Amino acid sequence: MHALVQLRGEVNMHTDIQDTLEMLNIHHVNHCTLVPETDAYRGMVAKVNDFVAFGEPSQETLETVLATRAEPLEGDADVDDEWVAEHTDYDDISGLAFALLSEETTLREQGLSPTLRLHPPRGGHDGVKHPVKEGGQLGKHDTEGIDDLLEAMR
Amino acid sequence: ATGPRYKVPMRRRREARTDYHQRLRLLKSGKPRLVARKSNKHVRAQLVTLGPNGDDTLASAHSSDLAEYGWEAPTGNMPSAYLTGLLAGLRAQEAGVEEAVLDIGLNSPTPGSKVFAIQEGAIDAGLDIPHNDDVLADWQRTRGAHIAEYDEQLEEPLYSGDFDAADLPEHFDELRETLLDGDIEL
Amino acid sequence: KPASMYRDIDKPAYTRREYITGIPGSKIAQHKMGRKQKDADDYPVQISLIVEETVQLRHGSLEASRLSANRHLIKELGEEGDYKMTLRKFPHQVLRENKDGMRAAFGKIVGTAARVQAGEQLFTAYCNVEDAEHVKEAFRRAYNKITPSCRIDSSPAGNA
Amino acid sequence: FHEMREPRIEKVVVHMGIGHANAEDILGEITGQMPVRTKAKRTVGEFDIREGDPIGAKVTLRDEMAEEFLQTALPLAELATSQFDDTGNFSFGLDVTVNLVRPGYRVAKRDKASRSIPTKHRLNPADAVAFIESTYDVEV
Amino acid sequence: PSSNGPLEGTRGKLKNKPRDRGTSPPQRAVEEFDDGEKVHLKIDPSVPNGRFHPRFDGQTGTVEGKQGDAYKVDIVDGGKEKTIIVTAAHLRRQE
RNA sequence: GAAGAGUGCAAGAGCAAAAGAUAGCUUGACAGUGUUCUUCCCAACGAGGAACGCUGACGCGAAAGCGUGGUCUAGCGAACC
RNA sequence: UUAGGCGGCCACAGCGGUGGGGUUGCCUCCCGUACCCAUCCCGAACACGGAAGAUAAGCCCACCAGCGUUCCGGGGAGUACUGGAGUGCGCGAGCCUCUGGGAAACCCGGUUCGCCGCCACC
Ligand SMILES: [Cl-]
Ligand SMILES: [Cl-]
Ligand SMILES: [Mg+2]
Ligand SMILES: [Mg+2]
Ligand SMILES: [Mg+2]
Ligand SMILES: [Mg+2]
Ligand SMILES: [Mg+2]
Ligand SMILES: [Mg+2]
Ligand SMILES: [Mg+2]
Ligand code: NA
Ligand code: NA
Ligand code: NA
Ligand code: NA
Ligand code: NA
Ligand code: NA
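Protein chains in written order, with this note's numbering: chain P, 468 to 621; chain L, 847 to 1032; chain S, 421 to 580; chain W, 226 to 365; chain R, 67 to 161.
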């Protein structure tokens, strides 16, 4: 299970690349999503590669982001342990977070919006003109790397 | 053979056994074929249909297992041929087969030949086959008359292995009647 | 005319003589020099001239540089010295020229040129260890008369 | 093995290459059977522009007709070494050709399951001279 | 295109590879298909008759009956539906 | 000696117990009416063209079968009179 | 299939080569023209009639890789070419990094001297 974050805008983006982002439920810059690692899903993120940031987040980090940025299918409402408990098949954020990482359920299945709308990266990111290997922020990241980005977009 | 760009004929073409141009025209009818084939000593008749992995033979007869009903004479002749066709034709009617198209392979359509005799037999056995009466030999030559008249010019007995001297087209008649019976093992 | 007009590879391959008529003859007198009866493996040293950029060299340039290099080997080794140089390229690409304005602009045949990819050996000489410095100088003059920069490279020769 | 390996005469082709025929009359009386016309292909400067038209005649002799004829033809010629085919044939002269080969030849001349005769079972230049010289005359 | 005939730009798709030269096996020319069946369209260079327009080469239609020995196969060119007359010599069962 | 020959004419493609050659016979280069594709990729548009059927009458073959001109893509023309 | 007939795939099956096998069985060669039929001339062939002889051809069986073909290993080669991205380099023709694919020739070594279906038969 990987985490996708849109880091580059739509203007001048190939139409078919932008439509993939929309199929993966992301419509704006700084919007995140969780995707199971399958042959099909893997094809979609490779195509989006040069406009996103992805990787496998740690149990904790995911919990923090879920705590802070997750939302229900409708309305504001804080998604906390109590909320999770009264609406999900779990007991707390952690139970949800564990099931996600293990690809046992989805945010939709539990009645939550598929998208985590993040805040801009505190202290700024590593640039959107180069991949991670060249000192940038685009492409596949480490678990440490993805956590760094997601925790900054707390 | 000579190189990469070289063309090697289909196997049954190298073997000089199948006329593919005639075979196709044969298959276009949609009906099963009546495979009329001869040998120096024998004759053969098969009823073949098309199948996913190769032809399926639904019925057949050989001039050898002819004697099984009464034969005691040569098998590479006219009387032999007709009777083998009728035999095969009857086993066919038994399998639920109703019609066929004559397939003579690499033989020639000479009037009054053995492949035609084979064909007449199967028609007599009750099979619906496209033919032309005035191409089939006259009834007497089928019986083995032409051969009796040959030994009529005796001097030196025609048949080595004794079956008789003047030979018997009557044996042919005995055999035809034996097969026309309904009980007979097929 | 200037080589600036034909040095780059910016057109399709135009070599089919079955559709091109009136192609000028090549100015390249000979491709095999020195002692053609002797073998290449019969020499201790072997130095080739390597082209550094991917370019097109007209037959006029091939003749001029081949000439001015071999002319040196003949001057320093003699009309029958012990060596053998090789121009391993032949001019296949046919050249046009629009010599009315831009109306019906397909040009007429004016020449021929050899296409050489960067890293390929244009010339290759074979000589003994003594004459090794002459072949280098002959090549120095040769790369002075062709478009690209060149590397004089000694292949089999650890007698340096 | 030897019986089904011993040489025989397949045919003797007697032919007269003329150029435009009136020679048929004699070619039949020398052999015994009917002759056949001979046409041509391609245009020729020697006034031979008409493709299909009479030029020569021939007669292919088989069995008795062949030997009986040879019992007069052979004596009329002088056999030589080079005068022999690689397959074991020979021509001399009006021309007279003799095709020889062993028993299992029908295999290559029949229609069904026909096959080319193996190089081994084929007659040889030497095997020919022998068999023929062994029939009323001398070799080289 | 310098011209607009049916065989324009068909040098590659309507030419047999050397080793496949000559007459083709009767088996596939007499094959039988059922309605609703999915079939691939591809002309056999060796078979002259029963051909369709070369543009359609590479399609995958659906058999919807027949007209004589030939078959009526439905396809969608771009966004327009079309019905193609074609013999089994130029057809193959999908899957 | 699997194809370089030949097959009317450009070029590309097809063809070997043939689509080529020879021989013999025959006039299907037939009348009537359609389905489809093409003309015009997708996507509307005439004439023209082709493939594939049906009805009718025939040619050849033992028969399956082949013949809606020439192996395939050029050789074409509205209304009014 | 101890020798047969009809086939599918249509060279992995081609080219060439060695060895083995048949009395009333099989397939052949073979023997022979009164007939059906036949050759623009020939019972050669086509066709008909038949077994004195043979296993030398063909055929069936076992087998050899020199040529040709199929596939595979290692090497060439993650090379050549390439779909997405870059305020990366170069005067420029052009190149390079990241991401996703990925070759041909050739050398060496294996492989391949057909597989499969139906019918009949000691
Ligand atoms: Cl047969
Ligand atoms: Cl069409
Ligand atoms: Mg909402
Ligand atoms: Mg700030
Ligand atoms: Mg920045
Ligand atoms: Mg092309
Ligand atoms: Mg036509
Ligand atoms: Mg007017
Ligand atoms: Mg033997
Ligand atoms: Na002008
Ligand atoms: Na220079
Ligand atoms: Na073919
Ligand atoms: Na029209
Ligand atoms: Na004539
Ligand atoms: Na054999």
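One or more of the hints may lead you astray.
[Said to hold, decoys possible] Subject to a maximum C-alpha distance of 20 Å in a straight line, what follows is the list of computed EDC-like cross-link-like pairs (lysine to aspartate or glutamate):
1) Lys877(L) / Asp110(R)
2) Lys337(W) / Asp865(L)
3) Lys877(L) / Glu98(R)
4) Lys853(L) / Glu97(R)
5) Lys266(W) / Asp362(W)
6) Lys334(W) / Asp320(W)
[What the hints assert, rightly or not] For each label pair, taking beta carbons as the anchor points, the in silico distance ranges come out as:
7) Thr505(P) / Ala941(L): 35 to 41 Å
8) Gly897(L) / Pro343(W): 52 to 58 Å
9) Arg331(W) / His867(L): 24 to 30 Å
10) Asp362(W) / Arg857(L): 45 to 51 Å
11) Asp86(R) / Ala513(P): 53 to 59 Å
12) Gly897(L) / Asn70(R): 54 to 60 Å
13) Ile529(S) / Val478(P): 33 to 39 Å
14) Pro587(P) / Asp123(R): 51 to 57 Å
15) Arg561(S) / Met480(P): 54 to 60 Å
16) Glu477(P) / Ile529(S): 48 to 54 Å
17) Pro279(W) / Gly897(L): 51 to 57 Å
18) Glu861(L) / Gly131(R): 35 to 41 Å
Everything labelled a hint here was simulated from the structure, so no lab data went into it. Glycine included, every Cβ here is placed at the ideal spot set by N, Cα and C.
Hints and how they fare:
1. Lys877(L) / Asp110(R): 26 Å, violated
2. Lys337(W) / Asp865(L): 10 Å, holds
3. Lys877(L) / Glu98(R): Between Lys877(L) and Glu98(R) the Cα gap is close to 14 Å, so the pair holds against 20 Å.
4. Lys853(L) / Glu97(R): Between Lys853(L) and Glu97(R) the Cα gap is close to 25 Å, so the pair fails against 20 Å, i.e. violated.
5. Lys266(W) / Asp362(W): The given pair, whose Cα atoms are some 39 Å apart, is violated under the 20 Å limit.
6. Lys334(W) / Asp320(W): 25 Å, violated
7. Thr505(P) / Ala941(L): 35 to 41 Å: The hinted range 35 to 41 Å is violated for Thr505(P) and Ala941(L), with Cβ atoms some 55 Å apart.
8. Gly897(L) / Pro343(W): 52 to 58 Å: Roughly 36 Å apart at Cβ, these two residues miss the hinted range, so it is violated.
9. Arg331(W) / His867(L): 24 to 30 Å: 25 Å, holds
10. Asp362(W) / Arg857(L): 45 to 51 Å: 48 Å, holds
11. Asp86(R) / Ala513(P): 53 to 59 Å: 38 Å, violated
12. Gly897(L) / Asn70(R): 54 to 60 Å: Distance hint for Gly897(L), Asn70(R) is violated at roughly 46 Å.
13. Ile529(S) / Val478(P): 33 to 39 Å: 50 Å, violated
14. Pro587(P) / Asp123(R): 51 to 57 Å: Since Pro587(P) and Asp123(R) have Cβ atoms about 54 Å apart, the given range 51 to 57 Å holds.
15. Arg561(S) / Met480(P): 54 to 60 Å: Check passed, 56 Å falls within 54 to 60 Å.
16. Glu477(P) / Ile529(S): 48 to 54 Å: Since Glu477(P) and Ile529(S) have Cβ atoms about 52 Å apart, the given range 48 to 54 Å holds.
17. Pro279(W) / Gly897(L): 51 to 57 Å: With a Cβ separation near 56 Å, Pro279(W) and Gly897(L) satisfy 51 to 57 Å, so the hint holds.
18. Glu861(L) / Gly131(R): 35 to 41 Å: 40 Å, holds
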